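Only one chain is given next, in structure tokens, and it is the form solved without the ligand.
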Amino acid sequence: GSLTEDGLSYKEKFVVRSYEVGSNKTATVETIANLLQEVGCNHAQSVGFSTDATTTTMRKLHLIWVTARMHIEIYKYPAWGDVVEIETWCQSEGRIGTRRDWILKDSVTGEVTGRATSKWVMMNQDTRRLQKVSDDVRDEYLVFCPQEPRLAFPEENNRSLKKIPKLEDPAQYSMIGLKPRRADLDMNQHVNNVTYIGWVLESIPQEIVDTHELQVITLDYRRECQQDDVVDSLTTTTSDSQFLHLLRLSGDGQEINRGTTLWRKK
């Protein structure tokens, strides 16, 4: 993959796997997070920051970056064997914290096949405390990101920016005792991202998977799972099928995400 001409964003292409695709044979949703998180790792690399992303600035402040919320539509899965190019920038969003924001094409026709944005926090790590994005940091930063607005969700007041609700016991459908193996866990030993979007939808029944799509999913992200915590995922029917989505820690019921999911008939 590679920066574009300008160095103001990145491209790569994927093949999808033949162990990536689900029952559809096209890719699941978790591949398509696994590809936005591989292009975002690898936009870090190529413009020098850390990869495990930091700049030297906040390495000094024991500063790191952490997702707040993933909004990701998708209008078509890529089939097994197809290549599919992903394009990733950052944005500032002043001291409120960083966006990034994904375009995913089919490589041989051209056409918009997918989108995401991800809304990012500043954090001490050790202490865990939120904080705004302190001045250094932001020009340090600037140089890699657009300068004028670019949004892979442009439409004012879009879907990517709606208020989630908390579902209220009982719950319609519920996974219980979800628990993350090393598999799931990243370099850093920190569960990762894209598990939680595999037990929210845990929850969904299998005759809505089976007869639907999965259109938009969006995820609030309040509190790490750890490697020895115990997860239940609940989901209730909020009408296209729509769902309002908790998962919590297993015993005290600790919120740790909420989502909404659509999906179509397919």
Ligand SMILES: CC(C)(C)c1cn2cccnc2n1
Given for the second form:
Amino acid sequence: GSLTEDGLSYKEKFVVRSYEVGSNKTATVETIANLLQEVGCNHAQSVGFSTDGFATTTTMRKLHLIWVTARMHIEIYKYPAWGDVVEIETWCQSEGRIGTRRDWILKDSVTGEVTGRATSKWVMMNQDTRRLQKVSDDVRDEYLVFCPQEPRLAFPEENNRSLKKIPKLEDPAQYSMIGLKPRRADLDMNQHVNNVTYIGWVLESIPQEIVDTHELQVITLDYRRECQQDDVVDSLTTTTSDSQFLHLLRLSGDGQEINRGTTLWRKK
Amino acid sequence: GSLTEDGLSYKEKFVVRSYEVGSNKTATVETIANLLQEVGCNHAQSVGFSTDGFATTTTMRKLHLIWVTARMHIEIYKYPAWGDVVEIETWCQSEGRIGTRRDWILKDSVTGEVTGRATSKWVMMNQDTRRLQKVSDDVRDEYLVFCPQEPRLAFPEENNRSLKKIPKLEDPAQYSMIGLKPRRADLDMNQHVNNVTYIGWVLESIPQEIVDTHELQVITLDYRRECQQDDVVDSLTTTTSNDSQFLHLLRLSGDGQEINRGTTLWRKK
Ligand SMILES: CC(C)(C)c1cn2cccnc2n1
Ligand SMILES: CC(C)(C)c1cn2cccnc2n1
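Same protein, different condition: the form solved without the ligand was shown, now please give the form solved in complex with the ligand.
Below is the whole assembly, all chains and molecules, this chain first.
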């Protein structure tokens, strides 16, 4: 792992592990999601940001402010197989006072070809009250120095899947996985549920026959609210179509919305 | 990752990842368990065994036989922190017609000190009928060549914790975590539940206050039956004890069929 010559992006190589693959012997979409966040943490550590908080500036800690994921978008062309080396390059960019955006390019270490790409949208929030608030000028000066000033987008294309408004799934759902609880392995170092568990919980309502005959090409996920340690989640799916699905994660009780998203699958 | 000079053991170094640690910022016991199985797979791959199954010889595939975990024993002195490099050395040894044993030594890459150690007991079984059998002579000649012939035990000691008979938890249990289902992330490449998920499911019945004030020093787990994708598990715990001991039991939430039993030992922080 290391920063590029300009110190404006970071690269890391990962060997795919035995327990990180599914039935095809290729990395799962949660393994990829985990590698994206690990290379993101390493990029922030390599530019001065200390442990406890992810990329929280000196002003952010003083004011009890954290960066939170609002959206995650992932497109995979080829899933690296068990034993293969995947090289991921990541960088962060400012989007004015709306928030910040972090992008990734997944490549095959042997061929040099792009096998996948991802984009995430982060917003600033008070860790205690959970209130959003715009990006303050004083905090911008602190992190802008680590970001390229010119646009560098993993998803440049006019009208692409990463910015499309996601609708709310209507009842009754076509498919469903009810009673999902997180365990200690689903929690991060700060005792919150890691954003990767939501990806897995969304995919639990996808029927096994679709998973066996298709490969996940695209996934877009909107994070609305966090699931607490003692909360139970219900996963709902409906085919909207390649196969497309509209997804919805909600609390098993009150029916409070925690996540919404879409997936696109290709026939093998 | 590479075999030692004699080709009778294997070593690999691992950097501890951000998502692999708990509240203390040190690797969880499931992260360690995962690293032990990964270095075990890499050792078998480096000595000729194909990707298909784990260490299944040419005769084993012909007769639809596989190696299955019967017992797992793990002792941790220091949990490596996020960013630290942990070096693990592993090897396999025969235990006559009973089956095989695989051992591991966890070390700090910087200090060279032993920070942990583990031992597992494997038995031979038919893939389809699920019936156990002794290790055949023909099968033994095929894998004995990769094992040191002299004893090499991670847990040598006269009466150590790795061989102690585990009792069955009596009802009512003191603590419990009900309704545990595996998800796709809990399954391996062959669609079975990973043996590491059982470790996590056992620890779900341990109260949060014990986890917050103590560190897991020892864990012994006996694998009796596998949990299917559509099975629901119940985790039961009872304190049996400065150190805290617990008796554990995993069973199917329906019929109450026993799938796992074990013990843990925790020391105060
Ligand atoms: C490039 C640095 C490390 C300043 C940064 C800040 N970020 C906020 C949210 C997401 N990624 C981020 N990366
Ligand atoms: C050293 C080799 C690759 C022969 C081997 C066989 N095993 C059976 C059970 C557990 N580990 C094992 N390793």
